[PDB]
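Could you build all of it, start to finish, from the sequences and the hints given here?
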Amino acid sequence: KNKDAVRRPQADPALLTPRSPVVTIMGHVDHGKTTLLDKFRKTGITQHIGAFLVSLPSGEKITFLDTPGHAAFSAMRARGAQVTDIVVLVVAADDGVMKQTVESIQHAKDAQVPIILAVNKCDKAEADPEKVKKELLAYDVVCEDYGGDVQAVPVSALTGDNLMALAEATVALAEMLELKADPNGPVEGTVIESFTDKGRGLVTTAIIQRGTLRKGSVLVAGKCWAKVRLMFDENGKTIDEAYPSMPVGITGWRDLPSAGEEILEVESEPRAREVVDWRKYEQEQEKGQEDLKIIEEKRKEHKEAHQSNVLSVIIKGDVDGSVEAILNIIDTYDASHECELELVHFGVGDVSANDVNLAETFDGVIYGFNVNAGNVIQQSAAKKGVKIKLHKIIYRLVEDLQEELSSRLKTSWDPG
Amino acid sequence: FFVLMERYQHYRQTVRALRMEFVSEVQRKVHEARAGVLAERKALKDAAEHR
Amino acid sequence: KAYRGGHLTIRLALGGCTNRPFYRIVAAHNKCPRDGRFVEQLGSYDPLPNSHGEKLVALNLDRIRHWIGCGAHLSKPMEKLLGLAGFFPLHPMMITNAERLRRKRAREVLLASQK
Amino acid sequence: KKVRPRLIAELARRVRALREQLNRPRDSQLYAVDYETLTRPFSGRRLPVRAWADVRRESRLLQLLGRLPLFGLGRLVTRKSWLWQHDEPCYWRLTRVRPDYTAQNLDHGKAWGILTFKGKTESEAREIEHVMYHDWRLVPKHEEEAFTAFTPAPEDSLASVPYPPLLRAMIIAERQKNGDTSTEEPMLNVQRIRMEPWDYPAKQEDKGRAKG
RNA sequence: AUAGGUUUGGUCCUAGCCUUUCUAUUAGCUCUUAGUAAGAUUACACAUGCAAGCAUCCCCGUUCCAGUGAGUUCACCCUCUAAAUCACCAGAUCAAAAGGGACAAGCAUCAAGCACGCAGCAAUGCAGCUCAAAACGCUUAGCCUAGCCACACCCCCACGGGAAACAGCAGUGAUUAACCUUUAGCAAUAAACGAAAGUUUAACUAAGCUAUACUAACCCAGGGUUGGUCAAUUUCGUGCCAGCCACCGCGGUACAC
Ligand SMILES: Nc1nc2c(ncn2[C@@H]2O[C@H](COP(=O)(O)OP(=O)(O)OP(=O)(O)O)[C@@H](O)[C@H]2O)c(=O)[nH]1
Ligand SMILES: [Mg+2]
Ligand SMILES: [Mg+2]
Ligand SMILES: [Mg+2]
Ligand SMILES: [Mg+2]
Ligand SMILES: [Mg+2]
Ligand SMILES: [Mg+2]
Ligand SMILES: [Mg+2]
Ligand SMILES: [Mg+2]
Ligand SMILES: [Mg+2]
Ligand SMILES: [Mg+2]
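Chains as they are written, first to last, in the deposited numbering: chain 7, 161 to 203, 212 to 475, 513 to 614, 720 to 726; chain U, 53 to 103; chain M, 10 to 124; chain 0, 4 to 215.
For the record, the hints were derived by calculation from the structure and aren't laboratory data. It cannot be assumed that every hint is accurate.
[Said to hold, decoys possible] Chain 0 is faced by these chain M residues, among others (derived, beta-carbon under 7 Å):
(1) 94
(2) 96
(3) 97
(4) 98
(5) 101
[What the hints assert, rightly or not] Cut-off 27 Å, straight-line C-alpha distance, at most; resulting in silico cross-link-like pairs (DSSO-like, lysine-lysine):
(6) 10 (chain M) to 206 (chain 0)
(7) 5 (chain 0) to 10 (chain M)
(8) 180 (chain 0) to 40 (chain M)
(9) 206 (chain 0) to 40 (chain M)
(10) 405 (chain 7) to 229 (chain 7)
(11) 277 (chain 7) to 366 (chain 7)
(12) 210 (chain 0) to 81 (chain U)
(13) 214 (chain 0) to 40 (chain M)
(14) 124 (chain M) to 85 (chain M)
(15) 94 (chain U) to 180 (chain 0)
(16) 89 (chain M) to 124 (chain M)
Ideal Cβ placement from N, Cα and C applies to all residues, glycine included.
Listed below in C-alpha cells is the structure:
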C-alpha cells in the first residue's frame with residue numbers, strides 16, 4: 161500500500177495570496193556578490217548557500233539566496249536556482265562573462281527563472297558593460313540594451329552605486345511575475361542546508377513555499393521526519409510563524425535531511441513515520457533490484473564455473526552541502542590506475558571516535574572541512590596513528606588531498 | 053479578613069488545648085507503663101517466681 | 010538519610026493510579042518525600058464516591074492522638090478531614106470557604122432572577 | 004572499617020569557620036536600604052511590597068536614638084505598626100543601647116528594653132527585635148503620661164470550651180463504659196493557653212543573623 | 001522437572017551439550033482502538049528555557065524535593081547522647097557524631113601482614129596483635145526495595161587547585177544493539193514562607209511520544225515453523241552447488257535447501 165505523502169495540487173486562484181520573491185545571486189568567484197548582499201542588508213570565499221529575508225525601503229520583503237561562486241559548488245548553485253524564482257546574476261564587467269557565469273545562466277534556463285544582470289565593479293577602469301551584454305548575447309541572455317527582456321544594471325557594490333536601481337528593477341520584475349501562494353494548509357518547502365549543532369541537534373535551513381509553519385508541526389523530507397521544535401531566523405531569534413517564501417531554520421529533525429529535499433507537512437507523528445518507512449522501503453526495492461542483477465551475474469558465473514597505492518579517506522563536513530561538494534570533487538578522481546582513492550565514510554559533524562576508529566581500521570586519513578577535533582580526539586588520533594586534517598577552505602583541502610595522493614605515488723588528477 | 057483572624061485565633065486556642073491534653077495523656081501512659089502499680093507488681097512477681 | 014531539623018507531620022501521602030486518587034494518612038518526617046518513608050500509617054482516605062455515594066475515611070484515632078501528643082504537626086488537608094470528622098473543630102478556612110460559596114451562589118441566584 | 008582520614012575536610016571546615024567569624028558583616032552593611040530602588044545593597048534583595056511605604060516614610064529605632072543623650076536610654080519607644088494595630092499603649096522602655104559605631108550616623112545597633120504590650124509590662128528587660136525595621140517613633144517626655152495611661156480591661160475569658168463533637172462523644176462513651184453515670188458535660192480548659200497576639204515581639208536572643 | 005534429543009556395529013553406566021517453560025533488552029517482519037503501568041546505553045560533553053521563594057524590612061528556606069549508581073561491608077541491633085518537634089519547660093518523639101556486635105561475590109596461582117598489642121596516672125616497661133575456621137591483598141557489584149547506602153564535574157575531602165560543571169525537568173552532540181515532550185497548572189497531596197487571605201514549586205497533578213507489559217475491544221493478520229526431539233508439506237527448481245540447523249543432521253537426480 162502506497163503511503164507516500166505527495167505535494168498538494170497547485171493552489172486555487174482564490175486561495176492564492178501575494179507572497180515575497182525569492183532571488184538568487186549567482187555568478188563566478190569574486191564578482192562582488194557578497195559585497196552586493198552586504199550592501200543590500202546594510203551590514212574571502214563563500215562556501216554556504218545562505219538565505220536572508222531582507223526588507224527593502226519600500227517595505228517589501230525579499231528572500232536572497234547568496235550562493236558560492238567557486239566551480240566546486242555546482243550542486244549548491246543548481247539547488248539555489250531550482251528553489252529561487254528570480255536569478256539576479258552578478259557579473260564583473262572587468263572580468264567579463266566566465267565559465268561559472270555561463271553555468272549559472274544554464275541553471276537559470278533549466279529552472280525557467282527570469283534573469284537580471286548586475287554589472288559589478290562598474291566603478292573600476294576597463295569595465296565594459298556593453299561588451300558584457302554583447303558576450304551574453306551568445307549565451308542567449310539578450311539584455312534590454314540589445315533589444316531584449318533581460319534588465320542590465322551597472323553597479324559598484326563596493327561604492328553602493330545604482331543599487332537602488334537594482335532593487336527597483338527586482339521589485340518591478342517581482343510585481344510583473346505576480347508571485348502568490350496559499351498561506352494556509354499543510355506546509356511545503358525545500359531544505360536549503362542541513363547540519364548538526366551540538367546544542368540544537370539536527371537543524372535544517374529551509375525556505376517555505378506553501379502554508380505556514382508553526383511549532384509542533386510534523387514534517388517529512390526524504391527518509392527523515394521531524395516535529396518542529398525551534399524555528400529561528402538568521403540571527404536565531406525564534407519566529408512563531410514562517411509564511412511562504414520565508415527562510416527559516418527548523419530544529420527537531422530526527423534524521424538529517426539531504427540538501428534540496430522537499431519538506432511536506434503531514435497529519436501526525438505516526439503518519440510521518442509511516443511515510444518514512446514507505447520511502448525507505450522504496451529505496452530498498454530499488455537497491456534490491458540493483459543487487460539482484462549483480463547477484464544474478466555472479467551466480468551465472470559460479471554455475472558455469474561449477475559445470513597497495515591506495516588512499517582511504519574519511520570526510521567530515523560542517524554542512525551536508527559541503528560534504529556533498531567534497532564528495533563530488535572526490536568522484537572527479539580519474540587517476541585510479543596510478544593510485545586508488547577510497548572513501549571509507551562521509552558525514553557531518555566534528556571528528557568523532559567512530560571516524561578515528563574507521564581511519565585506524567583502514568589506515569585512512571580524516572579530512573575535516575570546517576570542523577573541529579577536540580583534544581581527546583587529537584590524543585586518540587596520535588595514539589592510533591590516524592592523521593586529522595582540518596581545512597577551512599575547499600581548495601586548500603583539495604590541495605592537501607592532492608599532496609597526499611602524490612605522497613602515495720605528482721598525482722595526475724586535476725580537479726578542474 | 054477580621055472574621056477570619058478571629059476564627060483562627062479561637063481555632064488555634066482550641067487546638068492547642070486539645071494538643072496539651074493529648075500530650076498529657078501520652079505522658080501519663082508512658083509513665084504508667086514504666087513505673088505503675090501493674091508494671092512494678094509484674095516485676096516483683098517475676099523476681100519472686102525466679103527466686 | 011540523616012535529615013537536619015524537620016519534625017513529624019501527620020499528612021496525606023498520595024497513592025493510587027492516574028485519574029484515581031487515593032490517600033494514606035501517614036505520620037511521616039516532614040522532610041521525607043511525600044510518598045516515601047513514613048513513621049506510621051494512621052489511616053486511609055478514598056476521595057472518590059463509592060457505590061454508596063461515600064468517601065471512606067479511616068482514622069486510627071488512638072495512634073493519631075498518640076502522635077499529636079508526641080509532637081506531630083497536621084497538614085491542612087488532614088486538619089480539615091479531622092474537622093469534618095468532628096475530632097477537631099471545623100477549620101477556619103472550611104468555614105470561610107463555606108461562606109464564600111454561600112455568597113457566590115447567592116450572586117448567581119440573584120443574577121438568574123434578574124435575567 | 005577504618006577509613007582514610009579526611010584531613011582536608013576538617014582543614015576547610017575550620018578555615019571557613021574562622022573566615023566567617025572574622026568577616027561577619029556589620030549591621031551598617033546588613034541593614035542598609037536603597038530608598039530609590041527599595042533593595043538591600045548588601046544582598047540585593049528587594050523588600051516586601053507592603054513595607055515600601057514604611058521604609059520611605061518612617062525612621063529606625065537607632066535612627067531616633069542617635070539624637071538623644073545616652074542614646075535615649077530610659078525613654079519609651081513605640082512602633083508605627085503597633086500604634087496603628089492597637090489602641091492600648093505599646094512601647095519599650097529601652098534600658099540599654101549599643102549602636103553600630105561604624106555607621107556614618109550611628110543609626111543601626113542593638114537595644115535592650117522592657118516591653119509594655121497592650122498595656123501589660125513584662126517582669127524583666129530583654130532585647131529589642133525589629134530594631135532595623137523602619138516603623139519606629141519616639142514617645143516624647145511630655146504627653147508620655149497621656150500615652151501610657153491605660154485602664155485594664157476585665158479578664159473575664161471563657162475558662163472552658165465544648166469538646167469537638169466526636170471527641171465529646173468518645174469521652175462520654177468511655178466514661179459510661181468505666182461505669183460513671185455523671186451527666187456533667189465534658190469541657191476543654193483554655194486558661195492554660197494564652198493566645199498571644201500575632202505581633203507580640205519574639206526573642207531576638209534566639210533570632211538568627213544574616214551571614215556574609 | 002513428569003522429562004526429551006545426542007556418544008555406539010549394538011547394550012549398560014557416567015558425563016557434557018542442547019530442547020521443552022517464564023521473564024527482560026535488542027534486531028528482522030508486521031500492527032486497528034481505548035485505559036493503565038514502565039521508558040538514554042554511558043559518573044562522557046552541553047546550546048537554550050525553566051526548576052526557591054515567602055514576608056511589613058529581621059528572620060526562615062534554597063542542607064528539603066528532584067537525580068545517578070561512579071564508589072562501596074557508613075544501612076541493621078545495642079550503649080550513650082547531639083541537633084530538631086512537642087506555643088515555654090516537660091520528659092515523649094525523631095535521630096547525628098562516638099563506642100560494641102552483625103554485615104556481598106570470586107581469586108589461596110593473594111599465605112604471610114609488618115607494628116598491625118597490652119600494661120602504667122605519668123615516666124616508661126613487656127613484645128606483643130591478625131592469619132589456612134582465610135589475616136593481608138587483587139577484581140567485580142549499589143543494597144537486605146513501604147525503601148536504604150553512597151556521589152553531587154575531577155583532585156576520596158575541597159581551604160586550595162584543575163576548570164567553568166543538567167547524575168533537576170524538557171532537550172542536544174558523542175557513544176551504544178539500546179535514544180520519550182525543548183506540554184499545561186499549582187485545581188489535588190507534599191514542601192517553603194506568612195498570623196492569615198494567600199504566593200512559589202519541571203515535586204506533583206493532568207496531558208504528549210513509544211506494541212516494552214497488563215487489561216478490554218476489533219465489524220482490518222501478521223510472524224515463525226512443518227525430518228526427529230516438536231504441532232504440522234503438495235508440485236516444481238537446484239544437485240554435496242545454492243543453501244539450511246538449537247542438538248542430531250539435510251543437499252551427489254530433497255516431507256530438512
Ligand atoms: N572594485 C570593486 N570590488 C568589488 C565590488 N564589489 C565587490 N568587490 C570585491 O570583489 C570581490 C568579490 O568576491 P566575493 O563576492 O567576496 O566572493 P565570491 O564572489 O564568492 O568569490 P569566492 O568566494 O572566492 O568564490 C571582493 O574582494 C569584493 O570586496 C565593486 O563594486 N568594486
Ligand atoms: Mg561572493
Ligand atoms: Mg519488536
Ligand atoms: Mg558500579
Ligand atoms: Mg598463575
Ligand atoms: Mg555532568
Ligand atoms: Mg567531590
Ligand atoms: Mg536531563
Ligand atoms: Mg542524540
Ligand atoms: Mg529501549
Ligand atoms: Mg527432487
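Verification of the hints:
Satisfaction of the interface hint for residue 94 (chain M) is found here, the shortest Cβ-Cβ separation to chain 0 being roughly 6 Å, below the 7 Å cut-off. Hint status for residue 96 (chain M) relative to chain 0: holds, with the closest Cβ pair at about 5 Å, below 7 Å. At a threshold of 7 Å, the smallest CB-CB gap from residue 97 (chain M) to chain 0 is about 6 Å, leaving the interface hint in force. Evaluation of the residue 98 (chain M) hint against chain 0 yields a held restraint, the C-beta minimum of about 6 Å falling below 7 Å.
Hint on residue 101 (chain M) is violated. Least Cβ distance to chain 0 is approximately 14 Å, over the 7 Å limit. Taking the CA atoms of residue 10 (chain M) and residue 206 (chain 0), the gap is near 32 Å; set against the 27 Å cutoff, the hint is violated. About 21 Å separates the Cα atoms of residue 5 (chain 0) and residue 10 (chain M), which keeps this hinted pair within 27 Å; it holds. At most 27 Å may separate the alpha-carbon atoms for a hinted pair to count; residue 180 (chain 0) and residue 40 (chain M) exceed this at roughly 41 Å.
The hinted pair formed by residue 206 (chain 0) and residue 40 (chain M) meets the criterion: a straight-line CA distance of about 26 Å does not exceed 27 Å. With a CA separation close to 18 Å, the supplied pair residue 405 (chain 7) and residue 229 (chain 7) stays within the 27 Å bound. Between residue 277 (chain 7) and residue 366 (chain 7) the alpha-carbon distance is near 39 Å, which puts this suggested pair outside the 27 Å criterion. Of the pairs offered as hints, the one joining residue 210 (chain 0) and residue 81 (chain U) is violated, with about 35 Å between alpha carbons and a cut-off of 27 Å exceeded.
Of the supplied pair hints, the one linking residue 214 (chain 0) and residue 40 (chain M) holds, its CA atoms being roughly 24 Å apart against a limit of 27 Å. Straight-line distance between C-alpha atoms of residue 124 (chain M) and residue 85 (chain M) comes to about 40 Å, which puts the hinted pair past the 27 Å bound. Between the alpha carbons of residue 94 (chain U) and residue 180 (chain 0) the distance comes to roughly 26 Å, so the proposed pair stays at or under 27 Å and holds. Distance restraint check for residue 89 (chain M) and residue 124 (chain M): the Cα-Cα separation of roughly 37 Å exceeds the 27 Å cut-off, and the hinted pair is therefore not satisfied.
Figure legend: structure checked against the earlier numbered hints; hints not met, in rising order: 5, 6, 8, 11, 12, 14, 16.
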